[PDB]
Amino acid sequence: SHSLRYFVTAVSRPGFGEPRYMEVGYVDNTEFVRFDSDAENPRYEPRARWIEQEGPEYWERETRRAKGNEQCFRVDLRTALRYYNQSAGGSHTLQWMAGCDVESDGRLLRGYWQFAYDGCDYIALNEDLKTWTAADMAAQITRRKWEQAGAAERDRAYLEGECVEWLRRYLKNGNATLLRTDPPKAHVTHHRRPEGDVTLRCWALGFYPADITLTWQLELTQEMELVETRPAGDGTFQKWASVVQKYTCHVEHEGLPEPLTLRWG
Amino acid sequence: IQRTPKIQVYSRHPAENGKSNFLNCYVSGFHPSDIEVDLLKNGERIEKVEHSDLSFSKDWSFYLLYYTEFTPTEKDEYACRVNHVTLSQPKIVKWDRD
Amino acid sequence: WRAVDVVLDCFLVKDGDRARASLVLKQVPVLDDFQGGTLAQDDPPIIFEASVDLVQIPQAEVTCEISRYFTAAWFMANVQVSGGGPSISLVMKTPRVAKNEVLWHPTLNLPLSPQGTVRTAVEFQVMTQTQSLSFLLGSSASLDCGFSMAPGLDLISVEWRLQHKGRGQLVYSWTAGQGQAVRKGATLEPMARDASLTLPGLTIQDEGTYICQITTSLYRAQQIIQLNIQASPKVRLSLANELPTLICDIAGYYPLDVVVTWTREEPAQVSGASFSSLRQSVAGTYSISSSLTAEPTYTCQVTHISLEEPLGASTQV
Numbered sequence: 002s003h004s005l006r007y008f009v010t011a012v013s014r015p016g017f018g019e020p021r022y023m024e025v026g027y028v029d030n031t032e033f034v035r036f037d038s039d040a041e042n043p044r045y046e047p048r049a050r051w052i053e054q055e056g057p058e059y060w061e062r063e064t065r066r067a068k069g070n071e072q073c074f075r076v077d078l079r080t081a082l083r084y085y086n087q088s089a090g091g092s093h094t095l096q097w098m099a100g101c102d103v104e105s106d107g108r109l110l111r112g113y114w115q116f117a118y119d120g121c122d123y124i125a126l127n128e129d130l131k132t133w134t135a136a137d138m139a140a141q142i143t144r145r146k147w148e149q150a151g152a153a154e155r156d157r158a159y160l161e162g163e164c165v166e167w168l169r170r171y172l173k174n175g176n177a178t179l180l181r182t183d184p185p186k187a188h189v190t191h192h193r194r195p196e197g198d199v200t201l202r203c204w205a206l207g208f209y210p211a212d213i214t215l216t217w218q219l223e224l225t226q227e228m229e230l231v232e233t234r235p236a237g238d239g240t241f242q243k244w245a246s247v248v255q256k257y258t259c260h261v262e263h264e265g266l267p268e269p270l271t272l273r274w275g
Numbered sequence: 001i002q003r004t005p006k007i008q009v010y011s012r013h014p015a016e017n018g019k020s021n022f023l024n025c026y027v028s029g030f031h032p033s034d035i036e037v038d039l040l041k042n043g044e045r046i047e048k049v050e051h052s053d054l055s056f057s058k059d060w061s062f063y064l065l066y067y068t069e070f071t072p073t074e075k076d077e078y079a080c081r082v083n084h085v086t087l088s089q090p091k092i093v094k095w096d097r098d
Numbered sequence: 009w010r011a012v013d014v015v016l017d018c019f020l021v022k023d024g035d036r037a038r039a040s041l042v043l044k045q046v047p048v049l050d059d060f061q062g063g064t065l066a067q068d069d070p071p072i073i074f075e076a077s078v079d080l081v082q083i084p085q086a098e099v100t101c102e103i104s105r106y107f117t118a119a120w121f122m123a124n125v126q127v128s129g130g131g132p133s134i135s136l137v138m139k140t141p142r143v144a145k146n147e148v149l150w151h152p153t154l155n156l157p158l159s160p161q162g163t164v165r166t167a168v169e170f171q172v173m174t175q176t177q178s179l180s181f182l183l184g185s186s187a188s189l190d191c192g193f194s195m196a197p198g199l200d201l202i203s204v205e206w207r208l209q210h211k212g213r214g215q216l217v218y219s220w221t222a223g224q225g226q227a228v229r230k231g232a233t234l235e236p241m242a243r244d245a246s247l248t249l250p251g252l253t254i255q256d257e258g259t260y261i262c263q264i265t266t267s268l269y270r271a272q273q274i275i276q277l278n279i280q281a282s283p284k285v286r287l288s289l290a291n292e295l296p297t298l299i300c301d302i303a304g305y306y307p308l309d310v311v312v313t314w315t316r317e318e323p324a325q326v327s328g329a330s331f332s333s334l335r336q337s338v339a340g341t342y343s344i345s346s347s348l349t350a351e352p358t359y360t361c362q363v364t365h366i367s368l369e370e371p372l373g374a375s376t377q378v
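One line per chain: the protein sequences are A, B and C, in this order. Mapped onto the entry's author numbering, the consecutive letters of the first sequence carry residue numbers 2 to 219, 223 to 248, 255 to 275. Following the entry's author numbering, the residues of the second sequence are numbered contiguously, the last one being 98. Mapped onto the entry's author numbering, the consecutive letters of the third sequence carry residue numbers 9 to 24, 35 to 50, 59 to 86, 98 to 107, 117 to 236, 241 to 292, 295 to 318, 323 to 352, 358 to 378.
Worth flagging that the hints you see were computed from the coordinates, not collected in a lab. A portion of the hints provided could be inaccurate.
[As the list claims (entries may be wrong)] These stretches of chain C come out as covered by chain A in the derived footprint (C-beta under 8 angstroms, 3 or more residues):
(1) 65-76
(2) 211-223
(3) 336-347
Beta carbons: idealized from backbone N, C-alpha and C, even for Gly.
This is chain A alone, in the form it adopts within the complex:
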């Protein structure tokens, strides 16, 4: 139920020489080691307070990693435009994601290593972890060539080895984190919309982690109405679900053996 993910992005700035290259790292959906090219004296900078405890070797070695992955994409965008006759004045983006998802029990759950171009998927690593799957004609050749090169074994080495050991390093080293433990104070509100278009709204606020399940019943299916999980400014998260006379809001969260039971109080 935990994951470490590296997000890399290259953007084509027309009329401006340096294409915008950015990288952000995450444990679960928590951001850390954000990296930018348009910052004063650019290097890897730590956003989180707990990551600041790492050594300088992390910053020099890793910043060399960023340089390699940056000049690489610099050379790669001209390859994209050389395969695709497109107006150079247009702004294009190519994104590269590489992460590993491990369960709390230590067993590796799944690993992802994918690449997309201009919002359209390009090439991805299959669930088999030994075969690639390409999304367009251009990525077909990249997939075959990468097959003959056997990139899947080295990438599998990184995703099964180094990345898992690092993930355990971030979740194990900084143990003070993840202590908000999702303690939502969920209560239901009600108004009367004209012509009886009203809805009952269960509200769960201020929790953390973000994984949570809102439900409603006596409403169990095709009923309710909800929004996407939204982060609050406090570093917490919030959510609400509305239903169109015994109705109950049950919530699955992190807590003592107790979901939730709520009517109009």
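Start from chain A and add chains B and C according to the hints.
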């Protein structure tokens, strides 16, 4: 493929006009990245907010969050204006203090 | 009549590029010294194709592409008609290489037959008749995927795999005698062989780019179909704040780009309405209302990727 943004405007606290809180316009799931977001009070743009650095989701669709620390009242309406490149007209949303 | 010689010229790109060629399909069943640069004499015997009716095109967008698949040499070319057309991939085998006839330029290869052509036959192919398909939410779709195979070089396995939202999953797979499905049980149920996939009651999860992959004896080729899904929205209009306000609610729609204006009757196409926060339903279908204020006979037209439908409520005093 270009993805129209998902806009949710809301506050950190339930809105009862009495003391100070903080409000946030949360935009997620959009592509490309050329996104221009403004916080509007009573029709006029709020001057200086905090434009957070860009963040990427697992779905290639980025997400940004703008916010301010202020005290809400009962005689003012607030809104969020966004003009991505996917929509031809700048969209504006009202914060429902209910 | 029936016997037809096809000539489709495209480019040739192989890295390790910029080299325009011209693929020829010798003779195909059809119902009812210029150009050049490079060209390959391709014949399609021992293997058949379904439609092959892409002739008399109003040229005055067929985009073919070749790529060497690495004695005899091997290639793969994929011809893609743009618009509402087909899409074919195919593998070409060269005759065995001899120590006598050695001709080609450049890149030091073989053979360029005395007619100035390569003169090779296709052995295996994968064709789709549909490229992008759009359905509704509850509907059921069939994404066809045919393939042809010469006697020999027999099948091994066929995998249906999709990619969407960033992540991808295997939908189906087969072997020499039996196969498996994931989630909904979406069978196919059939030298021209068929593996047309049929999906039942579609879901938002089903939206994405579907990929039909084929692994055979020494050859593995594949084709792709696009699947986009949309849901017809429901319409409503209300009034409150009394003085007064109007709420033109829109519910259960996919995708996300919906544009809404207003008109004020006695027209005036009253431009200027405010939206609200965005919400959606369990399945994933979105919903949002754009509030407004009235003054005393109205219309809240809605535009989506689906077609248009207006409605309006009067305003008394």
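Tested hints:
1. 65-76: violated (count 0)
2. 211-223: Since three or more residues must qualify, the claim that chain A covers the segment 211-223 of chain C holds, with 5 doing so at under 8 angstroms.
3. 336-347: Per the Cβ count (5), the hint holds.
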